[PDB]
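Here we start with a single chain on its own, the form deposited in one PDB entry, put down as structure tokens.
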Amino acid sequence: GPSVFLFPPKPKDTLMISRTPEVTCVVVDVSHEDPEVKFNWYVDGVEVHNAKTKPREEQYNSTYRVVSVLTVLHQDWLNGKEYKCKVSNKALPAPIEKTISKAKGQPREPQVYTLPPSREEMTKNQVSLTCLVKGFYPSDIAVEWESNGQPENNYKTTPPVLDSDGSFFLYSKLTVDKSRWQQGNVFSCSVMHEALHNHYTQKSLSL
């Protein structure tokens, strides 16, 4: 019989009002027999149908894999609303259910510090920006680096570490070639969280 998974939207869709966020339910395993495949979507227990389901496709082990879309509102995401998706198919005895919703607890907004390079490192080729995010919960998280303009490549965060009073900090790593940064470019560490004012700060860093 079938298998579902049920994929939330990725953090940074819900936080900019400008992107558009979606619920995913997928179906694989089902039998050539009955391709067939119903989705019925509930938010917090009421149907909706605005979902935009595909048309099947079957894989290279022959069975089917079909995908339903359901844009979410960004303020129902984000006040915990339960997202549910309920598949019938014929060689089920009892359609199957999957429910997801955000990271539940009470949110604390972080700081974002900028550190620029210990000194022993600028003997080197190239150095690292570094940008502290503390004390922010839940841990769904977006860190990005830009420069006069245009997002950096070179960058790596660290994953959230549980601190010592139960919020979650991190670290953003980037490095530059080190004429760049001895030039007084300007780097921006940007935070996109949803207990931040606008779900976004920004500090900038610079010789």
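Residue numbers count along the first chain shown, from 1. First, how it differs from the form deposited in another entry.
Of the two rigid parts that account for the motion between these two forms, one contains both residue 200 and residue 105.
Return the form deposited in another entry of this protein as a structure block, the form deposited in one PDB entry having already been given.
This part shows the chain on its own.
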């Protein structure tokens, strides 16, 4: 039969009022012969009717995939409401049901530290700017970089890692032309998490 997977919003989207957070229900292994799929959505048991269901799409393995998207309220997701997706298709015995909500546990505030590139990395044309983010719970977090008002995109961030006290840490790495570092340009690491004031903090890094 088909299979159902249910996905939370992006951390940033739940935390920042400029964004629109959504919960996503993906039905896979839908057969060519019966591809009709219905969705029903619920919030703390109460049915809601604002979901938008995509048109089915064929796969490179002869099967279909159907995706439904539900827009949610930031405050609801943050305050622990539960979201249920129910999926209906003839090739099932009965409807499949899946529920999600924000990770549980006592929140703890991230500490954010910027680390300049090593002296030994200066033999290179590009250098690494580092942002250490530690001591946070739950693990849902977003990290970005800017310079001079504008986003910097040439970064990669590790997944959250469990630390010895049961909190989480990660590191983000921004790669920049050595020119820009040595010219004295100012960079910033921005961190979004539920246990920060405004859900947001920014730390600078420069020569």
